[PDB]
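Below you will find one chain, with nothing else, as structure tokens; this is the form deposited in one PDB entry, and questions on how it binds or moves follow later.
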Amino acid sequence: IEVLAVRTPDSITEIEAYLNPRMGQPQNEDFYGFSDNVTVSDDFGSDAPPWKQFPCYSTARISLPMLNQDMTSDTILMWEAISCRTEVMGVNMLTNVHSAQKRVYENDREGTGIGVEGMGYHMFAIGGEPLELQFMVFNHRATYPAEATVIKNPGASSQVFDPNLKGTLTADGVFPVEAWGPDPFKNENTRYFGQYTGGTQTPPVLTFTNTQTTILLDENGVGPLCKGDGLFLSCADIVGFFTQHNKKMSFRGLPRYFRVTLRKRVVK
């Protein structure tokens, strides 16, 4: 794409969208927002995580307003994503230490719940085309379930970087977070942002405000250009683990808010 002039009163639009988490349990059922209880393999050889027990990436394509093209010009207008605000919603719910939680003083049947604790994985991506993925796994001999999208028998090389093992995030709730990450060799037309804090007893730390704005412009002053007039949102928002009295543990996820400002860009 040959990028040309920015248009400056009717040249800018705003979209707002949410992505619900895909932590593994089905929508419209009692554990929506959570994974199912996590089972652990005895070895890498026999490792087979069941469907529902691991999170997947969230994705959506947002259809943009009419650009009102110039019928006789040899150029076209494209929506250019210039800025965003993103917030993890429902942080407030993590003040719940009463709902069926392993207690601080289990031996005394006393104390609050321990609440949600452990690993936070927070990433979002805003592009003019689907997020480009690198396949990479902890254990290449893991047998993923039929419901999941992965590279089957990916080989030892998939435990680190293999340039043959590529993907694109083309479907919501089926690309396992533990098997796909953003590809830094691609995503020329996406901005991605990721933070990981590991562990299983780590205090979760989350902020929320409606006062924060991230500029989406690259080093040439060009934001994502929305090919076929779509805006591609991707995320994963693991808050940590929910622990039952019987010590079963499940992933807990939260939904993400996006506001994206776009402006009209002349191209070609």
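The term rigid core refers to the most C-alpha atoms you can superpose between the two forms while keeping them within 1.5 Å. Only residues modelled in both forms are compared. Numbering follows the first chain given and starts at 1. First, how it differs from the form deposited in another entry.
No residue of 73, 143, 195, 157 other than 73 has its CA displaced by 2 Å or more between these two forms when the core is superposed. After superposition on the rigid core, the sole stretch of at least three consecutive residues with Cα shifts of 2 Å or more between these two forms is 66-74.
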Contents of the next structure:
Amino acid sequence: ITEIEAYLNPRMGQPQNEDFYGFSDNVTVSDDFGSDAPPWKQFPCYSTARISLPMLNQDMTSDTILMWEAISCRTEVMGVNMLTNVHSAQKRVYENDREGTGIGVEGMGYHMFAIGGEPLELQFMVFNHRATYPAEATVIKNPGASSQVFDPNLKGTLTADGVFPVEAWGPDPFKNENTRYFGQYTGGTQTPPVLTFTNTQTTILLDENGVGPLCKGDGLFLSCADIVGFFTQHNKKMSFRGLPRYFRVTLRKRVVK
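Just the form deposited in one PDB entry so far, so send over the form deposited in another entry.
Just this one chain is shown here; partners and other molecules are left out.
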């Protein structure tokens, strides 16, 4: 067996290597579905990376080939510790009284990861089809009313980091034969975040037939989104806060027909 370890940093909207890395810009809200254009930096996008596995040289001297098979993984949200910070420029519990701790991060949690032998296959689906996404984002333009629910025509693949809006794409259950994905959403803008972390939990990646994801072209595809909640400033402006995710994937060389 071979083990790989990798991380994905969150893509909440603000640029890397600058003071708000890990956050979105402050969120603005439209008055109407017909005048809805979320500016670049104000919404989270999916993280993804392709890991290069050791090259498996193919002979074609036999009727079978070798592929790396992902048999199990561990994954952890990292930096959960930082959410014990209730002093950094936060709206206070008694804000009208300039007293108490910061309220910290609260609101919606969206945590999903995927491990596969090819890019994650996506279904386009949006809350408001008339939202105009910015040029920086990868979306289906003029998607139509059908995109507010399931439309079999509206497909994509997660081929780039930090550009596919979380609010416009999710895993396609009609595909992803060669990917395992897991997700949880808890909504509501005052909801406390609930996160666990341990190095003792393994997730088996074998399907009903005892086969894990098979890494096409010796590539292992990792994808995630880890929205922890909102940061609220003293002036009540709110931004997404994300955390990075750790992956440990155990692979074996498998003979494939």
